[PDB]
Amino acid sequence: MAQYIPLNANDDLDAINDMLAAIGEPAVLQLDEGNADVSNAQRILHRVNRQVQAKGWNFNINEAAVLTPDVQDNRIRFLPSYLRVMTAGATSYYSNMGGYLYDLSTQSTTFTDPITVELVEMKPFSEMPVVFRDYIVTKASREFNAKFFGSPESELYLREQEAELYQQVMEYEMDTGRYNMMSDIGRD
Amino acid sequence: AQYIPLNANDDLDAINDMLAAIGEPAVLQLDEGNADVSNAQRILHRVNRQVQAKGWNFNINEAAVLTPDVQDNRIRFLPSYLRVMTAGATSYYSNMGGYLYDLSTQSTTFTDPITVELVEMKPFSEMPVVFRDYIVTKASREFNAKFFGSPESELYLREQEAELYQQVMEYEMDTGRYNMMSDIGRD
Amino acid sequence: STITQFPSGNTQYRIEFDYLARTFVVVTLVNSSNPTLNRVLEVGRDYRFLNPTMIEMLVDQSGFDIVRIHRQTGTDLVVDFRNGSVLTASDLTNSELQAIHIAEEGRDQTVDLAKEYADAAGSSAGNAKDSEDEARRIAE
Amino acid sequence: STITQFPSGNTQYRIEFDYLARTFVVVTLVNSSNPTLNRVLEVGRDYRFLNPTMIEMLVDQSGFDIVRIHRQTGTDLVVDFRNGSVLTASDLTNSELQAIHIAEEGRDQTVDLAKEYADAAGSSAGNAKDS
Amino acid sequence: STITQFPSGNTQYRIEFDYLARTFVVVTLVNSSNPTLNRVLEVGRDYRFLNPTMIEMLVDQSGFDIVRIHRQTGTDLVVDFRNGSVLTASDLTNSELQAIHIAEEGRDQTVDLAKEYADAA
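Chains as they are written, first to last, in my numbering: chain A, 1 to 188; chain B, 189 to 375; chain C, 376 to 515; chain D, 516 to 646; chain E, 647 to 767.
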């Protein structure tokens, strides 16, 4: 409905049509692949999403996660959907060498028992919270305007928009976790 | 005399006000029109959604019950939800495939009703007046900036927006009292 | 996703699917033990709307266990095209949405009855096939 | 409905449902006692159309007792859109009616077909098992 | 049709039916002996797209023999209409194809699977 929300919306198409708005042109109505603009826009949007999502937040960091090796040999694969691998409360030496998990401390790639680490994975663009989506769209619009069509007045406004959205993301982050500092203290 | 209007609506007037920034006359209906009428609505809707999701004293509902299904125990994630949190503790909630996900237990299988705090969305034509004026000015600034750059239509909207922002502040501060001296008593 | 059930004994309930009109929503009471005493509720005297996504109950829910809400789109057309008029986007949008919705409830209805026969037939066939084949071939 | 049953031994019959093309309607004769035969007729040689609502037989036998007529809509775009042409209301109407008809077609026949397919598989397993 | 079965122990496979979006393709491994051993793969971790018609497997096939591919059409809009834009034939074609596909699959799929199980038995 024109009042409440349009029915059965498509998020990616809306994001693309909003990105072309900064240039000053009307909608596309299909999101096809023959057109030149769509192919250029999609890669930038994907890259910005990947960059922003990999900074670490309170709803991404899975402290307890279990990895297990296979049977034939003793190795663990390194999927392309992994963003950060660290140990909870100590120093860690983990990296990738030939699509396998490497431990610099022992200089080997042969694990024999399941281990526990923390990691951050990727999520589809359409399941992030609203403020993150708006922030990402504004950022991506900035590159798209800067690299393909230089306009002097569409700029100088997206900067204020970006700062205002960044603030709101910050106090959104500070509300999920209470973060008390006087815990673990008590005695007569 | 007076200005008893004819056929007044709270959306057509907003669209007309947005159009007046460039300097074009008013339309009579939204069923047919050129690109501009179809270009303003997107910005207006986006700005409304963005502003409504900041949290106010008349939005936040502390107590609310969500009930699971009966056949397969799960809870859906409607697109009208804006914020999901908890009253006085830390929370881990997110969306995964159109369902409610709890990161702490790494599962999507609830069994009993849960109580949380959430913020829903309302139609444009039922918000208080000051908010509507603020939203209209905010949308008009962007509409002027992106399609027709005029140096006189600007430099005034900013001045108006500052005053509207202030007014929203003192309106918000009066709904609640917020007395710090409460919850204290002793001889 | 167009059929939902909730436990009985409340006063407020939620709607969780899109609809084109307020006459396409059906509410009924369900008795699990004896599915011959079900009753259908009607707007105005039994329940009232509050906002586009939530309703309120007004009758006594005694002797029932489940409350069911589902969508039932009509079959009559909405927009009538005629020669001489002007083409607009809203007509196309509504015409598309009606057909999409109808196909949705059709699939949702049919799959429910199809699955229990399908999987049983498949499992029985596979079990018998492998058992007989390997057993008799090894025996011979 | 979308499925009809008629007793054999009559000269004229009538249809009760709309259609988009005469090829969609399918007519067959069925033996209740013997499910095996249940052969299908053929246009022109065995039946013809005087009136769009009337069906008239040409050949007939006596070993069969019931005749079944049901609708079967195709899965192809009846209307075709090309650049440099005209738009008519009839095309827009028919494009919508197609999927609508398909819906209540499937809604009917799916559950019935599932039955004989399932118990045929079960009977195959059974006779294979005992022999 | 809208469902196909292939023998295991290969590197590439073919997509023959038609689709409107690349997220509408589902791949599943089949265990003939026990249906409960079936598992559903996931894109990017197990397979990738070389061309609009061909995929390649990236996981091993040890206790499986049949690969099954079917179609699952979405529910959101693919074409959106707005005043002041350019309209062509492909838009009107896709707008109807999306509605047709859902009904076609919903009518055919389970019956086709029952056919396959029946004549396999």
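There could be a bad hint or two in this list.
A few chain A residues that face chain E, going by a derived Cβ cut-off under 7 Å, partial list only [stated by the list, open to error]:
#: 1; residue: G24
#: 2; residue: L29
#: 3; residue: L79
#: 4; residue: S108
#: 5; residue: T110
#: 6; residue: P114
Derived from the structure by calculation, the hints contain no laboratory data. By construction, the Cβ of each residue, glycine as well, lies at the ideal position given by its N, Cα and C atoms.
Here is what the structure says about each hint:
1. Interface restraint check for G24 of chain A: the shortest CB-CB distance to chain E comes to about 13 Å, outside 7 Å, so the restraint is violated.
2. Nearest Cβ of chain E to the Cβ of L29 of chain A: about 6 Å, under the 7 Å cut. The hint holds.
3. Interface hint status for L79 of chain A: upheld, as the beta-carbon distance to the closest one in chain E is roughly 6 Å, under 7 Å.
4. Interface hint status for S108 of chain A: violated, as the beta-carbon distance to the closest one in chain E is roughly 23 Å, over 7 Å.
5. The criterion of a C-beta within 7 Å of any C-beta in chain E is not met by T110 of chain A, whose closest approach is roughly 19 Å, and the hint is violated.
6. Interface restraint check for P114 of chain A: the shortest CB-CB distance to chain E comes to about 19 Å, outside 7 Å, so the restraint is violated.
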